[PDB]
Amino acid sequence: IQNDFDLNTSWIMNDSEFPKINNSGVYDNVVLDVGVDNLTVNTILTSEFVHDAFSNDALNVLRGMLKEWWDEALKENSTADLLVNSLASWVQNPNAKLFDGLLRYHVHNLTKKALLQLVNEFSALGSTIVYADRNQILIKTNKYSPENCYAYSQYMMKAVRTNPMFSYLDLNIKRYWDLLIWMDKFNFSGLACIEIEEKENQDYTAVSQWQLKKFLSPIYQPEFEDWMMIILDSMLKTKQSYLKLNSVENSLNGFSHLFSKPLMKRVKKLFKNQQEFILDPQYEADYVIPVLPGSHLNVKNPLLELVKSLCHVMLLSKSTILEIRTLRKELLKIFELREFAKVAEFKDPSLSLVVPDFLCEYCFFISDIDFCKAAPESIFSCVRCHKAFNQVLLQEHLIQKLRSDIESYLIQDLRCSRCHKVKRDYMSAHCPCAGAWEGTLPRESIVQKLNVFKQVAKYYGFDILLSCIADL
Amino acid sequence: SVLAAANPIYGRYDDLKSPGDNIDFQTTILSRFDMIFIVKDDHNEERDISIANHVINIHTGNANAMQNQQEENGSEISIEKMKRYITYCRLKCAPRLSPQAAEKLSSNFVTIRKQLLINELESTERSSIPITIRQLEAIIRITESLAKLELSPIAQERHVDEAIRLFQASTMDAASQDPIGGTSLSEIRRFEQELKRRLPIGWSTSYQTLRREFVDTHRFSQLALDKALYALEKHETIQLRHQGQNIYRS
Amino acid sequence: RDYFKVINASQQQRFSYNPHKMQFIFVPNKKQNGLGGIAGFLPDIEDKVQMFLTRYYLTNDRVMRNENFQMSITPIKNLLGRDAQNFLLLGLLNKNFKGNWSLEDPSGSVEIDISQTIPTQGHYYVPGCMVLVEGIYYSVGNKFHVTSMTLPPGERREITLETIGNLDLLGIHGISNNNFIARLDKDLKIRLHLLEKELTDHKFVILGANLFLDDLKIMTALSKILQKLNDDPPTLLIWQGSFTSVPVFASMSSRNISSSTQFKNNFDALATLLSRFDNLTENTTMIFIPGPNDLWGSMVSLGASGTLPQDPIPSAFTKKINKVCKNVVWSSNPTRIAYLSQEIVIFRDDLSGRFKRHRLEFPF
Amino acid sequence: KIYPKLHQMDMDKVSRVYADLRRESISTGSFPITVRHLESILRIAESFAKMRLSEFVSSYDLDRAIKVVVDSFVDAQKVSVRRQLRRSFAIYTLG
Ligand SMILES: [Zn+2]
Ligand SMILES: [Zn+2]
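Protein chains in written order, with the numbering used here: chain C, 1 to 472; chain P, 1001 to 1250; chain F, 2001 to 2364; chain Y, 3001 to 3095.
Since the hints were made in silico from the structure, they are not lab data. Any given hint could be a false lead.
Distance condition first, Cα-Cα at most 27 Å in a straight line; then the derived DSS-like pairs of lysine-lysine [to be verified]:
#1 F:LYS2319 x P:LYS1104
#2 C:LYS421 x F:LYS2319
#3 C:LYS421 x P:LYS1040
#4 F:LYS2095 x F:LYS2224
#5 C:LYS449 x F:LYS2186
#6 P:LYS1114 x F:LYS2098
#7 C:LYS265 x C:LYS347
#8 C:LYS333 x Y:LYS3067
#9 F:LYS2077 x C:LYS423
#10 F:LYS2217 x F:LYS2143
#11 F:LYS2021 x F:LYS2077
#12 Y:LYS3001 x C:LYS318
#13 P:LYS1104 x F:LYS2048
#14 Y:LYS3001 x Y:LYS3013
#15 C:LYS185 x C:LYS347
#16 C:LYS112 x P:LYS1234
Label pairs and their computed distance ranges (CB to CB) [said to hold, decoys possible]:
#17 Y:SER3088 x C:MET264: 43 to 49 Å
#18 P:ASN1007 x Y:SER3088: 39 to 45 Å
#19 P:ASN1007 x C:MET264: 53 to 59 Å
#20 Y:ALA3090 x P:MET1082: 48 to 54 Å
#21 F:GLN2342 x P:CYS1093: 50 to 56 Å
#22 Y:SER3088 x P:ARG1012: 22 to 28 Å
#23 C:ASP6 x F:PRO2309: 19 to 25 Å
#24 F:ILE2257 x C:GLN209: 37 to 43 Å
#25 F:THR2120 x P:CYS1093: 49 to 55 Å
#26 C:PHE99 x F:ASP2268: 29 to 35 Å
Some chain C residues flagged as far from chain Y (calculated, every beta-carbon gap over 10 Å) [said to hold, decoys possible]:
#27 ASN85
#28 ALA88
#29 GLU121
#30 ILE139
#31 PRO164
#32 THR238
#33 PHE277
#34 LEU279
#35 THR326
#36 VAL383
#37 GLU444
#38 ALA470
Here a beta-carbon is modelled for each residue, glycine too, at the ideal position from N, C-alpha and C.
Kindly generate the complete structure, drawing on both the sequences and the hints.
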């Protein structure tokens, strides 16, 4: 029977994407970075009508087997430890025998439920989840000083571990954040201390990871870097002054008063020089807008995107909106534009192409890799272990993703335009009510997806993927 | 011909209140009319953006040019030419029906009559909007007008389909617009309790199995189908996919 | 021999059917008029709406052209107002959302009573098949009590052709397009007479299905076959079935040979084996038809049944066979060749098991 | 004598303001808002242009008109949400 094509099997085969939580903004409270490990094993060990359910008896037997393996590995058995490590890779891999996609989907669903339950448990106490993933969790702490969060963090992690459903989890704390500007996984900057020491002021280091910097003109990226450094310094200074004094927070309010006039004068000077030397042939090199995979915006004046990004980075405050808006209007008055104009609206200068459930053989690390937003020298190597990846594997995975995408588009359902009820007949012109059928999966979405596959394959050396395109 | 613009009681239609006490007209007066359009106001912000765009454009500083282009590209014609065309078509042609169209009209009328009866026996009050033989005459005259528009001396399936579509729009917007008006609710809460307990989030089950189980129990088919489709109408926990076979709990 | 063509499902001309004009209508191909440089192969949304309409229209015309039928069938929607009267109707057969047996027509759908059905033997009554139903309507419920059931009869080539004269569907001599419609029957008899002679010299031989190019036994048998064959090369040689015993898909381990590389390797040895049968390579053209679990399908189907208009073998994995042999053509799983006076179609899949597992059951 | 003319007005600002007023309103409160209020905004701007004996509407008059309309809508709500709406609508009438 397994040779036949069935819809539910098709949908459980290709249901491989994993959700995540991202809450952008500027935080003055301390934030701790933690890592979550042994998630799948804890998910498995912890916990007629439905036809898609996996067999209960086999699930119970597997849970008991895993439990005895855990117990034996606790009593100094290296082989049991290796088996426990390789269990997840065995589960994911279809090449292994006794493999059922239903069991894989069951494990994935249970992992989803366990992760949401863990997020809820973290939210039970005083906490704010900034970022979520299968490997990384960022939690906003109520306090203001990293030195004061030692016992708090230890008690919180101890209570988390003592929870019966989270007994087997492994929790590690990596970094402590003093002042963070978080908008995306690949785009953030802030001050961090590795670990809090005693009787001594901690070491603070500044990080600056901004893919948006790449899409600037070659001559304005130094200006962007310098002004980002200056604004971070100003925010740190105002937070320190407010702390010395003792949905609005005076920790950051009034920080833009430090660098307003120099910024305006510099913007005027940049505008004058750009106006003067834009049409010169020998100066045409530094005004060339770079092209990168995933780039789709076509725009002309570089200073406009410079100021747009420099304003959008400030606008993430969510508590000092009015001051930022006044500054932005004043900046836009230098040009002959208007406050709410379309051309003065910031957008994402890149698209996304993510491959889920990417596996490393040497380290058994599972993570979703982004082919567009991620920087180079990270697609080709694993994150934890610095081992190079196989390339034809990357090409094959991209091809499989593309083919599954095309199949999913081709097997989509039909929905009525006026009332969103679904089509329930094989031949019929339209809905019984008014309205014409439309597809659940629009055409332009898949067209853009194929466009970005083309761009990605063109950027690097990807020949079999190009052949896959050519056959279409 | 009679064209009337009227407002319901309490201003807005107030869908929460029953249609019966939203329209003060008697059954006799509505029967003479044959196209009744309920123009509801909606907020989705995309139609609102488009409408604001159109209004600010139709401001006299802009539209006075754009409409001119509609007389230069041949997309739209002037008013007086339309007047001459309508008077000429009224004087010249008068189409006629064909037997296949007659059979299709008969079957469609039987279907809508049956649907009205099935709504009435459920709601157990008389429908505030009736369906009678005058509506059959209405569809016939709509088809006649559609054929008259193109001067064709006969009316065929092409016009009949459009006429039936317009009539179905103008009857489903008003008459069958939530005929229940919002065993009682006791079985509803019992029904919602069991599927929540028995069926977790992420899986799916066949419609036939659920119907079999809840017809074997006291719920029966009439209560379950309405309950299932309203839980669908809640549109926050249960989704339909792969025709009516898969009941997906999002 | 010249004046014969082999065509794939990708380049077949599109012709719609109109129920109101009772005539086939040419449809422009998306590639010829469109750009096609970005994505031109993606069909539009209404295509799946109209596909079943087209199939039903063609079946309706075929049925109504029958000699016996001049009694007349009745559309489904015209069955509401009558009861205790016998009728006749046809349409799609499927299972409704509830799980009962139903017949679907462009007018509408009804239910089926099967408790006393006597079907015409010799047919595989399968969901998705046009069927002729004779029964008695009953308005007490909605059950069309069936008493007999038979598939529609078929027609020969000449009688169906003459209804459109001889239309240029598989146009080799001439084609039709948007501007004009073309027909030809003058050279048909001439080419028939030409084919009647020297036909024994123009032989074409086909092999079995699923010749896996990984095992030694198949290679040895193939070498013996080529040893017998190289002396007298035929006109066409066809290999059908999969060329690899395991579907190719994602390999999670880089320690061993990649499955794609293995698939490339398997055809490379075939080029070497062609080196010792030069007469066959020189005089006979070669045809390859993809199997169920070849490269593109198994990538998402993993060896199970998938899309029927299957893509040809990718060029990147056949860069040596094209250079050794002088005439090799890869086509889709359904492929059509045009001879002088013959139409030949080749189709490789599983049929008997499919029709055995999905046979409808008749109480008796 | 004076008839103002309206050429250089912000399309997106007024469109977004009207969309925002369509949001909230009956969807959260009770006061009804329709397309006629957009024409009211335009007429108020024209009147403000008339006040100075000018034939062309300037941006300042549009700002004054939008301020008047948004204030009139704001101060007709319950005290539970008045401050929240007031801080929500502070970006269009920034001045
Ligand atoms: Zn690794
Ligand atoms: Zn509809």
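Against the structure, the hints come out as follows:
In summary, the hint linking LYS2319 of chain F to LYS1104 of chain P is not supported, as the alpha carbons are separated by about 61 Å, beyond the 27 Å threshold. With a CA separation close to 50 Å, the supplied pair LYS421 of chain C and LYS2319 of chain F exceeds the 27 Å bound. Note on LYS421 of chain C and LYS1040 of chain P: the hinted pairing holds, with a Cα-Cα distance of about 20 Å set against a maximum of 27 Å. At roughly 51 Å between alpha-carbon atoms, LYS2095 of chain F and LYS2224 of chain F are farther apart than 27 Å, so this suggested pair is violated.
At roughly 51 Å between alpha-carbon atoms, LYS449 of chain C and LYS2186 of chain F are farther apart than 27 Å, so this suggested pair is violated. For the hint linking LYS1114 of chain P to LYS2098 of chain F, the alpha-carbon distance of about 21 Å falls within 27 Å, and the restraint holds. Annotation: proposed proximity of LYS265 of chain C to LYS347 of chain C holds, straight-line Cα distance about 26 Å (limit 27 Å). A distance of roughly 21 Å separates the Cα atoms of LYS333 of chain C and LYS3067 of chain Y; the hinted pair therefore holds under the 27 Å criterion.
Between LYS2077 of chain F and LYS423 of chain C the alpha-carbon distance is near 19 Å, which keeps this suggested pair within the 27 Å criterion. With a C-alpha separation of about 59 Å, the suggested pairing of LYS2217 of chain F with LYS2143 of chain F is violated against the 27 Å cut-off. A distance of roughly 23 Å separates the Cα atoms of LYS2021 of chain F and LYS2077 of chain F; the hinted pair therefore holds under the 27 Å criterion. As the CA atoms of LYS3001 of chain Y and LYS318 of chain C are separated by approximately 49 Å, the hinted pair breaks the 27 Å bound.
Distance restraint check for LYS1104 of chain P and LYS2048 of chain F: the Cα-Cα separation of roughly 25 Å lies within the 27 Å cut-off, and the hinted pair is therefore satisfied. Among the hinted pairs, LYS3001 of chain Y with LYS3013 of chain Y is inconsistent with the structure: their alpha-carbon atoms are about 30 Å apart, more than 27 Å. Restraint check for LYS185 of chain C and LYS347 of chain C: the C-alpha separation of about 17 Å stays at or below 27 Å, so the hint holds. For the given pair, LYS112 of chain C sits about 24 Å from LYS1234 of chain P by alpha-carbon distance, which is consistent with the 27 Å threshold.
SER3088 of chain Y and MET264 of chain C have their C-beta atoms about 29 Å apart, which leaves the hinted 43 to 49 Å range violated. The hint said 39 to 45 Å for the Cβ distance between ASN1007 of chain P and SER3088 of chain Y, and at roughly 32 Å that hint is violated. Distance hint check for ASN1007 of chain P and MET264 of chain C: the Cβ-Cβ separation is about 56 Å, which falls inside the suggested range of 53 to 59 Å. At roughly 50 Å, the beta-carbon separation of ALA3090 of chain Y and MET1082 of chain P lies within the given 48 to 54 Å, and the hint holds.
In this structure, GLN2342 of chain F and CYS1093 of chain P meet the distance hint of 50 to 56 Å, their C-beta atoms being roughly 55 Å apart. Distance hint for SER3088 of chain Y and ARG1012 of chain P: a CB-CB separation of about 25 Å, consistent with the stated range 22 to 28 Å. For the hinted restraint 19 to 25 Å between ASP6 of chain C and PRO2309 of chain F, the CB-CB distance of approximately 20 Å keeps it satisfied. A hinted range of 37 to 43 Å holds for the C-beta pair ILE2257 of chain F and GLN209 of chain C, which are about 39 Å apart.
The hinted range of 49 to 55 Å is satisfied by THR2120 of chain F and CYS1093 of chain P, whose Cβ atoms lie roughly 51 Å apart. Restraint check, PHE99 of chain C to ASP2268 of chain F: a C-beta distance of roughly 30 Å satisfies the suggested window 29 to 35 Å. With a least beta-carbon separation of about 53 Å from chain Y, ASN85 of chain C lies farther than 10 Å from that chain, consistent with its non-interface assignment. A cut-off of 10 Å between C-beta atoms confirms that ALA88 of chain C is not in contact with chain Y; the least separation is 46 Å.
Look at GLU121 of chain C: its CB is around 31 Å from the nearest CB on chain Y, clear of 10 Å, so calling it non-interface holds up. For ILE139 of chain C, the requirement that its beta carbon stay farther than 10 Å from each beta carbon of chain Y is met, with the minimum near 28 Å. The beta carbon of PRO164 of chain C is kept farther than 10 Å from every beta carbon of chain Y, the shortest such distance being approximately 42 Å. Interface exclusion of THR238 of chain C from chain Y stands, the closest Cβ pair being 22 Å apart, more than 10 Å.
Every C-beta of chain Y lies more than 10 Å from that of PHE277 of chain C, the closest at about 31 Å, which supports listing it as non-interface. For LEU279 of chain C, the requirement that its beta carbon stay farther than 10 Å from each beta carbon of chain Y is met, with the minimum near 29 Å. Not every Cβ of chain Y is farther than 10 Å from the Cβ of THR326 of chain C; the closest lies at roughly 7 Å, contradicting the non-interface assignment. The non-interface label for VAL383 of chain C is consistent with chain Y: the shortest C-beta to C-beta separation is roughly 41 Å, beyond 10 Å.
Non-interface status of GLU444 of chain C relative to chain Y is upheld: no Cβ of that chain comes within 10 Å, the nearest being about 24 Å off. With a closest Cβ-Cβ approach of about 43 Å to chain Y, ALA470 of chain C is found to remain outside the 10 Å limit, as its non-interface label requires.
Checked against the numbered hints above, the structure breaks hints 1, 2, 4, 5, 10, 12, 14, 17, 18, 35 and satisfies the rest.
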